[PDB]
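Presented as structure tokens, the chain that follows is alone, the form deposited in one PDB entry.
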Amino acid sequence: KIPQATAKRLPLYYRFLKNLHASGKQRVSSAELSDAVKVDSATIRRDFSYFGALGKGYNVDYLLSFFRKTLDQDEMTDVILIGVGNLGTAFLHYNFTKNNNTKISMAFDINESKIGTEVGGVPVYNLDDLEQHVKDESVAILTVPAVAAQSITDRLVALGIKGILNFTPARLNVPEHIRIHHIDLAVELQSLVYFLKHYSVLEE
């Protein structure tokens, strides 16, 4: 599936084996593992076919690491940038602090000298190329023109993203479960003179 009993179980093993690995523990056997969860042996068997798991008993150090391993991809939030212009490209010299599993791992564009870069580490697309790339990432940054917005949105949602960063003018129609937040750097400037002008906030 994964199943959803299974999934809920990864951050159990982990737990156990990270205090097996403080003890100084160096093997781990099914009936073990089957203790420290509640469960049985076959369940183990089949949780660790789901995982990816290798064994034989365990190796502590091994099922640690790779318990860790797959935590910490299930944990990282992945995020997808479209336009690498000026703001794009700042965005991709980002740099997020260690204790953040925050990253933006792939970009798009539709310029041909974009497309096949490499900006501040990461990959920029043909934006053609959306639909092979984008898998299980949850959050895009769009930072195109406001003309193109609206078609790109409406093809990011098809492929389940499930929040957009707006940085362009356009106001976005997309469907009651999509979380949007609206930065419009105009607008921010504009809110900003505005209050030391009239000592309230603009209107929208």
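Residue numbers count along the first chain shown, from 1. Throughout, rigid core stands for the largest set of C-alpha atoms superposing within 1.5 Å between the two forms. First, how it differs from the form deposited in another entry.
In this overlay on the rigid core, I183 has a C-alpha that sits less than 2 Å away from its partner position between these two forms. A movement of the C-alpha atom of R171 falling short of 2 angstroms is seen between these two forms when the two forms are aligned on their rigid core. Once the cores line up, the CA of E137 ends up less than 2 angstroms apart between these two forms.
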Given for the second form:
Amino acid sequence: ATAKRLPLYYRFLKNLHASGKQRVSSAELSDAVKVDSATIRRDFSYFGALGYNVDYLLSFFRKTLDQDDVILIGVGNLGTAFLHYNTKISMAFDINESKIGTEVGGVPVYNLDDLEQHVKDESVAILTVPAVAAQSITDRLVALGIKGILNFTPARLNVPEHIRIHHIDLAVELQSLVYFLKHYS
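Could I see the form deposited in another entry next, after the form deposited in one PDB entry?
Below: the lone chain, stripped of partners and molecules.
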């Protein structure tokens, strides 16, 4: 639970640091993030913060996050390239019963039907299915609390704005490069 509160603090203190403030009280933080005074002080003791030093905490939060994941849907050429490319992909999903129940790149392939039961804490999804499948899958992912999607499909996804989408597409990349070549060469 402490690690679910740490992000709330990190977000606010980032903002605080941005506005110049070198110190923060447990009451300031409580009002800003709606965690009670006492829980904050208890957490900050556990973080070794002895007025609290804003930079101490931000540095602590940042190191913690860096010291301590991902699912993939569509185990075809692109997905396999990803499962073989050289932050662990822990589970993959497909609809091909030939692939369901095998491991590719050491990662087990499950039935898409099991997505809701199997996904718990994972926050990142790689999407390597045909564009036609992408929106319905994305809708299910956002419902299961996935927070970022690597969309390696031609589909332009409809998502809440807080869902981070990294869109990778061959035609989109090529359009841009060709434009440069045709205009700035």
